[PDB]
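Form deposited without adenosine-5'-diphosphate (ADP), single chain, as structure tokens, below.
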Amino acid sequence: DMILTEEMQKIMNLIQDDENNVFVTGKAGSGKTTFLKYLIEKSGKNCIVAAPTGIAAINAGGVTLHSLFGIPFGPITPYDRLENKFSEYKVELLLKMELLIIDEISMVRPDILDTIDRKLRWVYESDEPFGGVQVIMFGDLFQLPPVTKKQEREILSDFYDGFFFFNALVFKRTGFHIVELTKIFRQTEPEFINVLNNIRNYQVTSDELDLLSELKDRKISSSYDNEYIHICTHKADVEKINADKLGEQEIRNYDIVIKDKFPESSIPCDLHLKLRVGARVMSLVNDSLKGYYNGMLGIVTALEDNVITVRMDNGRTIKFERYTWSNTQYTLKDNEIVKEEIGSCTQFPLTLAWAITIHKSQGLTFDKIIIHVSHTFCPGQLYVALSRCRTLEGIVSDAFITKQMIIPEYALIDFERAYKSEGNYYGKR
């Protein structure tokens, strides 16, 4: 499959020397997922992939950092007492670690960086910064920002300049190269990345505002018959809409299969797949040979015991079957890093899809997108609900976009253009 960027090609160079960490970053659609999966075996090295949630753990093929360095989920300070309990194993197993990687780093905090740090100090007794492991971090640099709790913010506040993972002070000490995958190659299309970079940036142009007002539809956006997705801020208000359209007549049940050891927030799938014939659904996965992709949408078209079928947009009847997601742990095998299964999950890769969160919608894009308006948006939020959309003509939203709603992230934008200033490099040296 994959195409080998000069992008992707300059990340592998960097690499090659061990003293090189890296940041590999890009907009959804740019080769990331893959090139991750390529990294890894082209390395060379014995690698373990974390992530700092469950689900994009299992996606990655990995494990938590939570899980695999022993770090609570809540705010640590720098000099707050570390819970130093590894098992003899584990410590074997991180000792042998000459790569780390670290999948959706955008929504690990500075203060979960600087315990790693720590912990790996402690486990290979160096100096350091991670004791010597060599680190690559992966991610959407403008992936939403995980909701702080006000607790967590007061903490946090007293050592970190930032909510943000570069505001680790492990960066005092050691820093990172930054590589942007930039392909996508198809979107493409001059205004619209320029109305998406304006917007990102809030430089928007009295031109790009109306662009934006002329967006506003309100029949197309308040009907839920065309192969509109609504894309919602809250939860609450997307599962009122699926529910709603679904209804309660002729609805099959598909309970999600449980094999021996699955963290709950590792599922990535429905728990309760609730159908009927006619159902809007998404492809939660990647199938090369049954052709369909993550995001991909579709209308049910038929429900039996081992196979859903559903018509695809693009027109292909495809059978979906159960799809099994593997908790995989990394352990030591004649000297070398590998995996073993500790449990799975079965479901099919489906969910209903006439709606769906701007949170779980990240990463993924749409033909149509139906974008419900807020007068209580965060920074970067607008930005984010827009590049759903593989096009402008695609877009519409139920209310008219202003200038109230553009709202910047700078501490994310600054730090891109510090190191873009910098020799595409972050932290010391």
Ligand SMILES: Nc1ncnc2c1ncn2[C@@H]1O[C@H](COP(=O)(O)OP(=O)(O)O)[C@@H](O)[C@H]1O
Given for the second form:
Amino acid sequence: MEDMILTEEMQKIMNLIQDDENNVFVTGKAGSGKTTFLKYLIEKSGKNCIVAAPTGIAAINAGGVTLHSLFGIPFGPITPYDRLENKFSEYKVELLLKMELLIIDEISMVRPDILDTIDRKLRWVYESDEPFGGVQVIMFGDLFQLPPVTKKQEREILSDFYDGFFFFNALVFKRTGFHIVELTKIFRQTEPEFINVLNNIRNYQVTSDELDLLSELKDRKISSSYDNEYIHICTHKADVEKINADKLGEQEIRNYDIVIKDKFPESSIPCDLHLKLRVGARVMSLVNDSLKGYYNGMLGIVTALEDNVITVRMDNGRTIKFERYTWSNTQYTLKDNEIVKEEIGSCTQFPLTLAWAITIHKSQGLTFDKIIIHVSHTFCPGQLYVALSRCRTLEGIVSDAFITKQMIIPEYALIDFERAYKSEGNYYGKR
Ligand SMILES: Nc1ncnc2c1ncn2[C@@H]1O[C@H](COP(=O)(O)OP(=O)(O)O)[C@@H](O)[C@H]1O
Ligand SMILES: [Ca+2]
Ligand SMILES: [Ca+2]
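Having looked at the form deposited without adenosine-5'-diphosphate (ADP), could you now put up the form deposited with adenosine-5'-diphosphate (ADP) bound?
Full assembly next; the chain just shown is listed first.
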């Protein structure tokens, strides 16, 4: 990227990371430039960086590696007194010993014990008492997107040792801490009234006027149809697959298989395994290409299907000839005494997926012009905030049922964290 804007908030982060004793939590809503600024921070860093993330898909998109493979972490809850098989290769040890700056993306998807397992592993390899073995730690993510639901079993094992199931509850943050910088510029568009409604909801300050706006979002006619430009945002996987497949149909179906090359983790695959399409299918772009003119999350309609090209007319009116795309699975090594990346696998497939409907989970980090919210009549803190936040404006939202005050379920663990650091020098943990 070459026309990137350097905001005062981004420079504040760069100012902070100069002092290599400073850890930093970089946060902000979808569209506030976290992924782009991450890349900038990489390039403009005089330090051997490693980028890691808690899922393969997020690792791949950030150009990094999973936390579990980087540090050899067993899958499952781990107390501070569960003993680790600290078996690392001589190369992994040498690599970790050259890491000066660890960057964790999607920090809010990191279950807290994993940070502590990481702190322990680094202390063992550095033979030090300093948290994370003295390595500087930068963390990127939206504080207000919930992590994976805690499985009934992890719940029981871990509650004896932790106060909460958010990343800042890691025990290491009694021994170290971090500055917080929220990115507040939304580059795609700037919408005060909508942004203020989202914030009022997440802070449980909804005014009676705002409660009335939510009521007017209901529209049975629009929300029960599938031929408009609205995308159905639903919580459950089954509902989205039902809607997408129902609309796809069985007549004149074209199939495109994923091509795997060398070593690629199944759960890191960010595309369809068997992309099935037809002329007129509603689809979403999965990757960004500024020169070709599409971005991750752009919606369009298939108009032509050939062997190696899928022609799509996007919502903005442009026709685009999509070709297959190759995601690279990389890992870090040492070239001399410098950390570099090396490809160990790839997968190849058209970067499009059916998009009459998308899950709340698959749409993490995306915004759309027009959404139909399916009210999750269950409950759980923060659901309605997440669903509303999938839109770019207030006027673009439609609901399948009336939105009532009781559907606003606040997450007080998060409100307390925000208000506590905002009044403690934008810093959390030990000084
Ligand atoms: N520094 C920047 N200057 C100009 N545009 C930006 C900048 N950062 C992000 N954008 C724009 O915002 C959109 C995506 O932002 P992104 O980096 O994905 O933010 P996030 O990860 O917070 O969702 C793109 O349209 C991109 O061009
Ligand atoms: Ca992002
Ligand atoms: Ca240090």
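Residue numbers count along the first chain shown, from 1. Just so we're on the same page, rigid core means the largest C-alpha set that superposes within 1.5 Å between forms.
In the overlay on the core between these two forms, a shift of 2 Å or more in CA position is seen for a single residue of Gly315, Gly278, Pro190, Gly291, which is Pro190.
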